[PDB]
Every structure is written in C-alpha cells, then in structure tokens.
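Based on the sequences and whatever the hints tell you, model everything.
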Amino acid sequence: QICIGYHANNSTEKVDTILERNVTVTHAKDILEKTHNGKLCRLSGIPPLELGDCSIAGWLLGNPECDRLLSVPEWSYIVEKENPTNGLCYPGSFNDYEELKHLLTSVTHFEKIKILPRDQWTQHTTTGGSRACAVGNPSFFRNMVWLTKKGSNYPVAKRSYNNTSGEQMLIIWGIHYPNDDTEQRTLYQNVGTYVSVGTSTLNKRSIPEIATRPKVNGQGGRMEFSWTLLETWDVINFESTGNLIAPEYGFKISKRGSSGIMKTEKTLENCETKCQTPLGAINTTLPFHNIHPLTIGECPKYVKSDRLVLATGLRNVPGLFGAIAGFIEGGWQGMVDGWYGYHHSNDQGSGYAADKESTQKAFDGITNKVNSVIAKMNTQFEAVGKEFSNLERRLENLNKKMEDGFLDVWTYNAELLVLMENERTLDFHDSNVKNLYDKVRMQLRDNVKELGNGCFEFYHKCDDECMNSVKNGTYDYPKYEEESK
Amino acid sequence: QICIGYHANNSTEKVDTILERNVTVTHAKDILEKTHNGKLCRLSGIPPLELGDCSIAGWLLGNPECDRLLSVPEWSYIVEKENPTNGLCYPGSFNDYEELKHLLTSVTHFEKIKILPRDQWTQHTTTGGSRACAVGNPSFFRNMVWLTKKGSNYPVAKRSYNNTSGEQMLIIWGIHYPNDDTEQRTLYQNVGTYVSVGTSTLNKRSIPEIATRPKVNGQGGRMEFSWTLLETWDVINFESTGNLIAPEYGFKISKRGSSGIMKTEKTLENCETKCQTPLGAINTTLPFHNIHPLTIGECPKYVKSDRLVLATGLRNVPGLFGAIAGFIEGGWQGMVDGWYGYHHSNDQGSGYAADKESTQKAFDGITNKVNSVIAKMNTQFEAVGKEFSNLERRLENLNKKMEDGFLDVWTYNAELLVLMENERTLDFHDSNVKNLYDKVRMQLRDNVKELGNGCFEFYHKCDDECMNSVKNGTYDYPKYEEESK
Amino acid sequence: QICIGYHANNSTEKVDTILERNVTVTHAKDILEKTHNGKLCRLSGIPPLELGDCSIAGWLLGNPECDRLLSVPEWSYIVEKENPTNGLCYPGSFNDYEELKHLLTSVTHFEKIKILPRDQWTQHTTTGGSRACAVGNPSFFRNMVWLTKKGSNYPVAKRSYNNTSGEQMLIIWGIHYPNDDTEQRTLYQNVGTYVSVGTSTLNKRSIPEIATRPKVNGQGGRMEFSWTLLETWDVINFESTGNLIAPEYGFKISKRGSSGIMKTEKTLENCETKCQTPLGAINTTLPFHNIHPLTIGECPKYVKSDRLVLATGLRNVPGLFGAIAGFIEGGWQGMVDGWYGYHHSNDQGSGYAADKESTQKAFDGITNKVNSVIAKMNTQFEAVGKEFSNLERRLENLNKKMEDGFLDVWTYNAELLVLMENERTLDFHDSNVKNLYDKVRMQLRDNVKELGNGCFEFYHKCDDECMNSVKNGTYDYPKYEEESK
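Protein chains in written order, with the authors' numbering: chain C, 6 to 140, 142 to 324, 330 to 496; chain A, 6 to 140, 142 to 324, 330 to 496; chain B, 6 to 140, 142 to 324, 330 to 496.
Treat the hints as calculated values from the structure; they're not laboratory data.
Hints may contain errors.
[What the hints assert, rightly or not] Below, simulated DSBU-like cross-link-like pairs (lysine-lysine); rule was C-alpha separation at most 35 Å, straight line:
1. B/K411 x C/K34
2. B/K411 x B/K269
3. B/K460 x A/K496
Structure (structure tokens):
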C-alpha cells in the first residue's frame with residue numbers, strides 16, 4: 006500500500022479568503038504591525054527639538070518661561086503640546102506663523118547670533134517692560151527690545167545689519183499697538199509713527215493700529231511680529247519713528263529638507279527609530295501598521311484595518332483541484348518533515364515519508380509571494396501632521412480629504428490583496444497535492460488499483476526499496492509484470 | 006446510466022473577463038449604482054438651508070430681496086444657485102468670503118440675535134439708504151445700520167457688546183468707500199476718518215479708499231464687509247469717525263463637523279437619505295456609483311465606468332478545467348434547483364436531480380465573494396465640492412488634480428477587479444463541475460464506462476435506489492461484480 | 006503513435022511572477038515606456054510660447070532684452086528656464102505673480118492691444134528712463151509708461167479705458183517706490199502722492215513708501231506691479247498724483263482650459279507629440295512610463311518601476332496543472348506555427364502539426380488580457396508641474412505629498428498587477444496543454460495506451476487520414492476494433 010497525504014498540526018491560526026471565512030491554516034503570517042515601544046526616540050541619530058510647554062513663538066522671542074529650554078544645534082523634528090501654555094505672554098499675532106513653524110520643522114545646524122546689541126540704541130529707552138512678561143518685576147521677551155522714548159523725545163530709530171555670518175539668517179521684529187492715543191504719546195511721543203523694514207527682496211512699512219480691546223493677560227495692547235530670512239551678505243534696514251519692537255538676536259539656519267511637529271505629551275527617552283509616532287516608535291519590516299495616522303519618518307502604510315493575515319501553510323484538516336478536503340479526505344498529524352508526502356502499508360514498517368522536493372518547490376513559492384507583497388512597498392520619509400491657522404479651514408479640509416483618500420485606497424487594496432492571494436495560496440497547495448497523486452498514478456497504472464482516499468493497492472511485493480522508487484520518481488514498470496487480476 | 010451536468014437558462018446577461026468579452030452568464034450582480042430618486046432630501050434627519058436665489062452674503066447682511074427666506078435653526082448642508090441674483094445689492098466685496106461660506110456649511114444650531122439696537126446710536130442718523138437697495143423707496147441691508155451725519159456733526163461713534171449668549175457668535179461689519187470727496191462730506195462731514203474693531207484676538211483699523219469707479223447698480227461707491235467669531239464672554243469694540251456700516255444683529259452658532267454647498271435649482275421635498283447629489287438622493291449598498299461627482303454624505307465611490315457587472319452564476323451555453336463548454340459540451344435547460352446535477356436514464360424513467368451538496372458550497376462561496384467586494388469599501392462622510400476665489404486658481408487646480416487622481420485610481424481598480432474576479436468565478440464553476448464528475452468516476456470505475464460527453468454507462472442494472480446511493484456519495488463497489496466485458 | 010506537446014524557442018526574455026523570479030518565457034510584452042525622442046515638440050498641433058531667458062514678468066512688461074522674443078498668438082504650454090536672466094530690469098515685485106503665470110499657462114488666442122497710447126499723456130513726461138534698463143542710454147519696459155513731471159509740474163494724471171475689444175483683457179500697472187525724498191521731487195515734484203486704480207470689481211489705492219534699501223541692479227528704488235482682468239464693456243480708471251507706472255498695452259486673452267510651465271534649457275524643435283517631458287517627447291500606447299515625473303499632455307502613468315514585462319507566451323523549456336515542464340517534460344523547438352500541437356509517428360512520415368483551434372483560443376485570450384491592462388487606463392490631459400512663492404512652503408509640500416501618494420499607489424498596483432497576471436498567464440497555457448491532452452485521451456481510450464510525456468501508442472494502424480481525424484476532433488472509436496492486446 007502507498008498513500009499520498011498532506012501535513013496537519015495543532016494550529017488554531019485563522020485566515021479569510023475571497024470565498025470562505027474563518028479558515029484554519031497550518032502556518033500564517035501577519036503583515037500588519039500593531040506594536041510600538043511607547044517611547045519617543047531620536048530620528049536616525051538626530052534628536053527632536055523639545056519645547057516642553059513653550060510655543061515656537063515663545064521660544065524664538067525669548068519668553069522668560071522658556072529660559073530653561075536646552076537647545077540642540079540640529080534636531081530632526083519638533084515636539085510641542087497640542088496646546089502650549091507659554092507663547093505670546095504679551096498679546097498679539099505672528100504673521101505667517103504656520104509657514105515659520107514649517108520652516109523650523111527640521112534644521113542643519115541652527116545657532117543664535119547677536120546682531121543688534123541693546124546698548125547701541127543710544128537715543129532711546131531700552132528697559133521697557135510689562136507685568137505680562139513678569140519674573142515679580144516686569145520683564146520682556148529676552149530676544150527683543152522695546153524701544154521707548156528717552157525723556158520727552160523719540161528720534162528716528164535707524165540701524166542696519168549686513169549678514170556676514172555665512173548662513174541664511176532668520177530675523178524677527180515687531181510693532182506695538184497701544185490701547186489709546188494717550189498711551190501712544192507716553193511711550194513714543196509722536197502720533198503718525200511707522201515701522202519700516204527692508205532688505206533686497208523684503209520691503210515693508212507698518213503703521214500702528216490703535217483701538218480699544220478687551221484685556222488679554224491684563225494688557226489691552228497688542229504686538230504683531232513678522233519675520234524674514236536674510237540672505238548671506240545682504241543687509242536689513244530698520245527705520246522707525248515709534249512702536250518698533252527691535253530684534254537683538256538673529257538665528258543662523260540651514261536645512262537639508264522638511265519635517266513635522268509632533269503634538270504630544272511624552273518626553274524624549276534616549277533610543278533610536280526610523281519611524282516615530284505620537285504614541286511610540288515603530289521598528290518593523292511589515293508593509294502596514296495601524297498604530298497612528300500621524301507618523302514621521304520612513305513608515306509602513308497606515309491602514310484602517312486590524313487584521314492582515316497571509317496564509318502560508320495549507321488548509322488544516324483534522330478545493331479548486333479536488334484534492335485537499337476532497338478525494339483525499341483528511342491530513343496527517345504524523346508526517347512532520349514536509350507539507351506533502353507518502354504513507355505506505357508494507358511488510359517491514361509504516362511509514363510516513365515527506366516529499367522533500369515538492370515541499371521545497373512550495374516553500375520557495377510561498378516565500379516568494381510573501382516577499383513580493385512586502386518588498387514591493389515603497390517607504391520614503393514623510394511627516395503627515397500639518398499646521399493651519401483658523402482662516403485656512405478649507406486648506407486644512409483639503410489636506411484631510413487627501414490623507415483620507417489615500418487611507419481608503421490602501422486599506423481596500425490591502426484587504427482585497429490578502430483575500431485574493433489567500434484564495435490562491437490554498438489552491439496552490441491543493442494543486443501541489445493533486446499533481447503529486449498524479450505523478451504517481453501515471454507511473455504505477457496497472458501495478459496498482461485506485462482505492463479512493465488517495466491510496467494505491469499494489470499488485471505485488473513492494474518492499475521498502477521499491478517504495479523508494481516511487482518516492483523519488485524512478486519506478487520501473489517492466490520489472491513488475493505480475494497480473495493478479 | 007448517469008450523466009453529470011450543469012445549469013443553463015434563458016438569460017442574456019453578459020459580463021467581461023480578463024480573457025473574454027461579452028460572455029453570456031447564468032446569474033449576475035451589477036455592483037454599480039446608477040439610480041437616484043430625483044429628489045433633494047434631508048440628510049440623516051436634518052434638512053439643508055435653502056437659499057432660494059440669494060447668496061450667503063445677501064442672506065447674512067439682510068438684502069431686502071431675501072425677506073421671505075425662511076431660516077431653519079439646524080441644517081446639514083447648503084443649497085445655493087451657481088450664480089445667485091440677490092447678493093450685495095450695494096456693490097462691494099466680503100473679506101475671506103469663501104472661508105465664511107465654509108464655516109456656515111453645516112451648523113448645530115444657528116440663531117440671529119439683536120446685539121446692537123439701532124435707536125441707541127443716539128447722536129447719529131440711521132435712516133441711510135440707497136436706490137441700489139430699493140423697496142420703490144431707498145432702503146438697505148436689514149441687518150446692518152448705515153451711520154451718517156446728524157445735522158453737520160458726526161461724533162466718535164463708539165459702542166461695544168459683551169457676548170453673554172453662551173454661544174460662539176458670528177458678527178459682520180463693513181466700511182463704506184464713497185465715489186468722491188464731495189459724497190463723503192455730505193455723509194460724514196469729517197475727512198480723515200477711520201473704522202476700528204477689536205476683540206480678544208481681532209484687531210483691525212480700516213480707512214476709506216475714495217476713488218472714481220464704474221457704476222454698479224447705479225453706484226460708484228463700494229462697501230467692504232468683514233466678519234469675526236466673537237468668543238463667549240468676550241467683548242467686541244467698535245469705534246469710528248465715519249464710513250462704518252455697523253451690525254445690528256449677531257449670529258449665535260455651534261458646529262460639530264463641516265459639510266458643503268450644493269449648487270442646484272431643485273427644492274427640498276421631504277424624504278431621507280444618507281447620500282445626496284445635485285441630481286437626486288442615492289440609496290444603495292453597492293460600493294460604486296456613476297451618478298455625479300459632487301455628492302455630500304456617506305456615499306459610494308464615484309467611478310468613470312458605466313457598467314460593473316460581477317458574474318455570480320456560470321457560463322450559459324445551449330474552460331480552465333475543461334468541463335464547462337468543454338468536455339461536457341452543453342448546459343441543461345431542464346434542471347432547475349441547482350447549478351450542477353445528475354440525469355439518469357433508467358427503466359423507471361428519468362432523471363434530473365440537482366446536487367445540493369456542491370450547489371450549496373457554491374452559493375456560499377459566490378455569496379462571500381460578492382460580500383467581500385462590497386463590504387470592504389470604507390464609506391465615511393465627505394462633501395467633495397469646494398469653493399475658491401478667482402485668485403486661488405492654483406489651489407482650485409490642486410483640488411481638481413486631487414479629485415481627478417482618485418477618480419482614475421478607483422475606476423481602474425474597480426474595472427480590473429471585476430475583470431479578474433469574473434475570470435475566477437467562471438473557473439470556479441468550471442472546477443465544481445469537473446470535481447463532481449471526478450467524484451463519481453472515482454466511485455464507480457470498473458462498474459461503468461466513460462462515454463465522452465460527460466456520461467457513465469453502467470455495466471449492470473440500476474434502479475432508483477441505486478442512483479440515490481451514488482448521488483449522496485454512498486455507493487458500495489463490492490456489491491456489484493458483473494463484468495459484461 | 007501520437008504525442009501532445011508545446012512550443013519552445015531560443016528566447017531569453019525573463020518575467021517575474023508572484024511565485025517565481027527570473028522565469029524564461031516564450032514571448033513577452035514590455036508595458037513600461039522607457040524611451041523619449043530628446044526633442045522639444047509641439048502639443049497636438051499647438052506650439053509652446055518659448056521665453057528664451059526672459060521671465061513671464063519681463064516678457065509682459067516688455068523688458069528690452071526680450072525684443073527678439075517671438076510672440077505667437079496660440080500656444081499650449083510655456084517653456085521657461087529654472088532661473089531666467091531677464092526679469093524685472095528695474096527691481097521690484099509682482100503681486101500675485103504665481104496666479105498670473107498660472108493664468109497664462111494655456112491660451113486661445115492671445116493678442117497685444119494698444120489701449121493707452123503714450124502721446125495722449127500730454128501734461129506729463131513720457132521718455133522717463135533708467136540706467137537699469139539701458140539700451142546705452144537709459145530706457146524702460148517697452149509696454150509701460152513711466153510718467154514723470156513736465157517742467158516743474160505734474161498735474162493729476164487721469165485716464166480710463168473701456169474694453170470694447172470683444173475679449174477679456176489683462177492689464178498691468180505699477181507704482182514706483184523711490185530711494186529718497188530728492189529722487190521723488192526730481193521725478194514727481196509732489197509730496198504725498200497716490201495711485202488709484204478701479205474697475206467694476208477692482209478697487210485699489212496705493213501710496214508710495216519712500217525708504218532706504220540695498221541697491222539691486224544699481225537701484226535703491228523698487229517697482230511694485232499689479233494686474234487685473236478687465237471684462238468686456240467694463241472700464242478701468244487710473245488716477246495718480248505721481249509714482250504711477252501706466253500700461254500702454256493690454257492683452258486680449260481667451261482660455262479654454264489650463265496647462266503648465268515647463269522648466270528646461272532645450273528649445274522648440276519642430277516635431278509632434280500628445281505628451282511632452284523636459285527630457286523629450288513620448289510616443290506610446292503603453293500605460294506606464296518612467297522617463298520623468300513632470301509631464302505635459304496625455305501621458306502614460308509615471309511609476310518608480312524600471313521593468314514591467316508582461317508574459318504572453320508559455321514557460322520556455324527546451330506548473331499548476333502539471334503539464335508544461337510537468338508530465339510533458341519539455342517543449343518542441345520545431346513547431347513554428349502554433350503554441351500547442353501534435354507529433355505523429357506514422358508509416359508515411361513524421362510529423363509536427365500545430366493545433367489551429369486551441370492555439371487561436373489562446374492568441375485571443377492573451378490579446379484580450381494585454382488590451383484590458385492597457386486600454387482600461389484613463390489618460391486625460393494634465394500639467395503636473397506647479398509654482399509656489401517662498402511663503403507657500405506648506406502648500407507646495409501639500410502638493411508634493413499628493414504627487415508622491417499617487418506615485419506610490421500606481422507603482423505598487425502596476426508591479427503587483429504584472430506579477431499576479433504573469434502567474435496566471437503561465438498557468439493558463441499550462442491549462443490549455445493539459446486539456447488538449449485530455450481531449451485526445453478521452454477520444455481514444457481503449458484504442459491507445461498512455462505512454463509518458465504526452466504520448467499515446469496506437470493499438471492499430473493510423474494513416475495520415477486517421478491522424479487528421481484525431482487532430483480535427485472527429486476520430487471514431489467504433490471503426491478501429493483491432494484489439495492487439
């Protein structure tokens with residue numbers, strides 16, 4: 006007796022296919038990454054700029070509450086709170102704020118130079134402060151200078167600066183909007199003041215917009231700050247008859263490319279990632295994850311799925332070709348050195364023997380299928396998270412419409428890819444067993460009867476050495492011409 | 006004698022496959038929804054704000070032509086004509102208009118409130134009107151007040167409002183731009199006038215731009231409107247020496263999400279949908295539709311295709332496994348209670364009996380195939396259509412480039428899905444038939460003769476309970492040892 | 006004897022399937038276009054507007070270095086260098102420049118009309134020039151008029167123009183920002199000047215800002231230009247007390263759709279395409295290419311792949332159904348008129364004969380498969396390249412994140428489509444052979460013996476007439492009852 010069978014085990018591993026659901030399989034592979042390390046790490050050897058609970062505005066201006074900030078010269082992404090607590094301690098806005106944040110998202114190299122020393126403002130008062138930026143005496147943004155009148159005079163304030171630092175330089179200035187005409191006169195003496203700033207390409211003139219406002223942080227006044235990148239060997243001109251908040255420092259900056267701000271509560275924790283999420287770092291080979299949409303780095307695609315499992319083994323039986336769970340009704344728990352093999356009732360022993368060469372062709376194939384699915388996915392560095400003012404609601408909605416559009420597409424493709432390929436994997440094994448059976452039938456023919464359960468009854472004495480002529484595809488028909496039929 | 010066969014009927018359904026075109030099939034399912042109810046319906050219980058032929062601006066300002074408007078307090082989307090006939094009856098612009106429309110696109114909750122009563126502008130005149138907003143007497147936007155001179159004086163107009171309504175409040179104001187220096191004085195006496203508006207975050211000061219302009223609605227002047235959201239318990243301050251168009255009303259407003267403006271002339275009708283289009287509402291389980299690109303709601307994916315028919319039954323004849336339309340050269344008109352079955356020529360009679368074991372595995376399977384294709388589609392709520400000013404041409408083009416890009420992707424994938432899955436459905440049936448035939452052959456053997464056209468000729472007698480033993484898989488070889496050969 | 010077999014040849018064409026790599030195939034089709042003509046062509050009959058090394062700004066204003074420019078009236082895209090040498094010869098900015106470039110991207114119809122002739126500026130000096138626009143006396147943009155004082159006076163400059171031209175007209179004006187108070191007097195005499203421009207919808211008043219600036223092209227002053235579309239039968243009104251840079255010309259423009267600007271150094275070169283890239287033109291039926299991402303026209307999808315070969319022939323051997336390179340161990344070099352066929356050994360001769368019928372079914376099926384993959388692709392017209400100022404980094408990053416999104420999607424889908432469909436083409440051929448073999452075995456039966464690699468040994472005499480019957484499917488069992496067994 007010779008029998009063609011297939012492998013079985015104690016697996017409870019389930020998969021879905023196009024045609025059937027919850028189908029138990031021999032071996033399987035999850036291709037969806039769902040675990041992180043819950044840490045917040047450094048991105049490819051380069052740390053994040055950690056802001057604690059300051060805002061970029063607050064950090065750059067020199068809010069006294071950002072003094073203990075600790076600044077690296079490099080950083081690869083920024084960490085901020087979804088709602089920071091130390092920003093403009095003096096009320097105001099920041100022109101093109103989001104553009105500025107996006108510009109500082111990632112940096113070479115970035116250092117703070119002193120470009121316009123306080124004391125050189127010789128005809129003006131410099132110590133101007135406010136209870137709003139208080140340390142319990144009134145202080146002010148440490149990087150800026152509030153030029154006010156000296157005595158009863160405010161002469162034209164006018165300085166320039168040639169960018170000799172060798173690198174593109176970020177420079178910030180501001181204009182102060184008083185609460186009323188009287189407060190204007192006591193700070194600046196003059197009424198029709200203006201702030202004028204100009205470079206080669208920049209060319210801007212502001213005038214104070216005096217108006218009655220509710221108090222924010224106990225102040226009815228406001229400051230509107232602006233910023234420019236001063237190109238190398240170019241000069242920036244300030245001229246003002248009042249209301250200027252002058253920079254004292256500039257920031258040398260260089261960039262390789264762009265990145266993201268990560269909105270989170272966590273804190274850098276000393277490690278390494280190629281891919282960071284607000285919940286933790288991801289180290290994975292798999293092509294999909296479902297951890298968090300807002301990642302930074304080279305990440306697996308984010309999918310709205312919570313199971314993506316490829317069958318690799320075979321239908322676990324305690330098809331399209333009619334073999335597995337077909338004319339060969341069940342699998343063999345015994346044979347464990349292959350996926351398909353032989354079982355023989357003889358006069359010596361009996362008798363499980365794996366078909367190495369056919370199990371090998373299949374380990375190769377299925378290994379290739381898995382690797383096709385995984386290795387064909389392209390993962391370049393991206394930043395996902397994005398920033399919009401509350402007058403860019405449409406733009407923000409456009410961005411969400413896009414992220415969501417790709418999310419729907421990848422999920423659908425993934426789900427269906429897994430389902431379709433699982434149906435073909437099973438048929439694959441089913442075909443392999445069926446061709447095994449046939450690779451024996453077309454060879455025995457008359458020296459055996461077709462029993463049914465994938466068995467052949469021998470018309471002669473087939474000792475262990477004859478049973479090996481069948482297993483290795485080299486059985487001779489001529490030799491056994493004994494007709495017991 | 007027992008024949009193996011498969012179902013055929015009078016159907017004329019055609020599907021396409023990867024390898025074949027116009028292939029007549031037994032049963033099919035169109036997975037492309039292309040019918041609407043020609044009605045404009047309310048969305049998950051909540052109706053649309055119907056603007057008739059007014060613009061949002063005309064509505065909010067109180068254009069007199071928008072009096073019999075009817076205003077719901079809720080609304081889930083807005084209906085507006087492509088080009089409304091009642092907007093600014095007095096010529097002018099509206100700062101950040103598109104952002105405002107996007108804000109009002111859906112709403113909790115929306116209530117107009119008198120916040121600055123006219124008659125309390127005690128030192129100014131209120132009955133300012135124009136022929137441009139005629140009723142046939144000069145009139146004006148009903149929600150605004152045109153402050154002008156009282157005698158030969160226009161003092162500092164200065165009022166404020168604390169938002170005690172417990173909701174976030176929309177507030178609009180405008181400044182006037184006269185056609186020439188003389189028109190100005192007859193209206194405001196003063197010449198260096200300004201308009202000042204402040205809140206906690208708002209801070210604005212506008213000055214009039216006197217200049218000769220072509221007459222729109224017989225008017226050379228222009229009115230430039232602005233708007234802000236005043237937060238709860240915050241106060242807004244107005245101050246002006248002339249040219250201020252003050253609001254009388256504010257609008258309490260709350261929001262959960264965003265929605266969209268649907269261009270169309272149809273009117274609300276009193277039905278319901280999860281999904282609306284400018285042509286009619288859609289009610290469907292199907293994953294795709296081709297009615298119209300600009301839907302609002304939880305919709306199927308829009309595709310360029312105009313036919314996605316999924317084969318569910320089998321090839322219909324008067330394959331890959333070479334049974335169907337192959338070695339069994341035809342289907343059976345007769346048999347109608349299964350897809351595959353038997354036909355016995357016996358001394359009692361004949362002979363059609365469907366096969367319930369395999370026909371059920373197929374219903375099961377093809378059912379799951381359809382459900383997988385449908386139930387994997389992710390359908391959240393979206394609004395598609397958007398709005399852009401004539402200086403956001405690039406941004407609009409970005410949006411189109413985006414909507415067009417997904418359209419191409421979903422079309423291609425749906426078209427190919429159907430083509431591939433159809434080829435594999437037919438091969439599924441072809442296989443089920445081939446396996447039936449094989450399950451019978453492997454049960455008889457010696458006891459019967461393989462004819463060629465799918466039949467077995469018995470080498471012995473076989474009454475009815477002889478067939479009912481083969482069909483159910485319970486046939487015992489040993490009992491029949493007559494070898495008429 | 007009669008044997009079934011398949012085609013083989015001397016191909017070294019290789020394809021990848023889901024299960025195998027580097028598989029040598031009988032015939033194949035590359036579906037990735039990889040070649041361009043290196044020419045810069047015209048798009049569907051319509052040329053590009055070529056700018057040499059001017060910028061659109063310099064071209065419209067009429068920079069004297071653009072005299073040789075060659076202006077056509079139609080054009081389907083614009084060719085510009087990455088960084089053009091002749092732009093604003095006199096330093097300045099250009100309000101909403103990117104929107105203007107986008108406007109002019111494609112054009113009907115485009116024609117320069119003389120709308121405000123120089124000489125009619127009778128109260129002012131017109132020949133105002135600058136050394137910055139030297140010809142080697144001072145000159146100026148040829149399409150603009152630099153109004154300066156005549157004698158010691160500069161009367162209110164006031165002119166209007168009503169667009170009677172039958173098309174929408176683009177108009178450009180400018181305001182001069184001088185370097186210092188004396189430059190202003192020597193040019194304009196007056197002190198608190200203004201520039202007023204108005205139409206139906208446009209309404210701008212501009213006062214000049216005198217300030218000290220770095221010198222660019224030797225100028226401290228700056229000129230800011232603005233533009234508008236003057237609709238038909240509308241009028242534009244200029245009024246100015248100095249500092250106006252007036253138009254002399256407007257541009258009748260008409261637009262069907264939109265296009266793009268192509269950045270490259272190449273020149274128009276007198277040929278044709280439906281699809282243009284900065285490297286050269288593409289003439290192709292294929293659905294995919296990898297030449298360059300920035301195309302213009304009706305183009306194949308761009309993918310990161312650099313090999314998309316579709317198998318069309320069978321495994322080459324000099330599978331899933333166990334025929335090809337399976338139970339029939341190899342192919343026939345010498346069957347050159349079909350994919351599958353017969354080899355008869357006869358008393359007469361022997362004996363390769365291609366099977367016309369089934370080879371055709373295959374040529375048909377694979378033709379369809381290739382046409383389905385190619386023809387389902389949606390090649391609408393798009394421009395791709397896009398322009399953003401340096402304060403639109405976010406917006407530009409938004410666009411990049413989108414182009415990449417689609418690139419990643421199309422690439423993955425194409426790669427896997429090929430792999431999956433290759434796996435099934437091979438298995439298709441395999442199936443055809445297996446079935447042709449069975450179509451003989453079921454037709455002979457007793458009358459022949461199953462030998463080995465697809466061979467049947469006849470139990471009777473078979474002449475070249477009997478042979479033909481087996482081949483054409485007519486052979487009869489009854490006739491030949493010679494039972495040499």
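Straight-line alpha-carbon gap B/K411 to B/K269, limit 35 Å: OK: B/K411 and B/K269 at ~17 Å, within 35 Å.
Hint consistency between B/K411 and C/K34 [alpha-carbon to alpha-carbon, up to 35 Å]: holds (34 Å)
Given hint A/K496 paired with B/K460 - CA-CA distance at most 35 Å: Satisfied, since the Cα-Cα distance of roughly 18 Å is no more than 35 Å.
Comparing the model with each numbered hint stated earlier shows that all of them hold.
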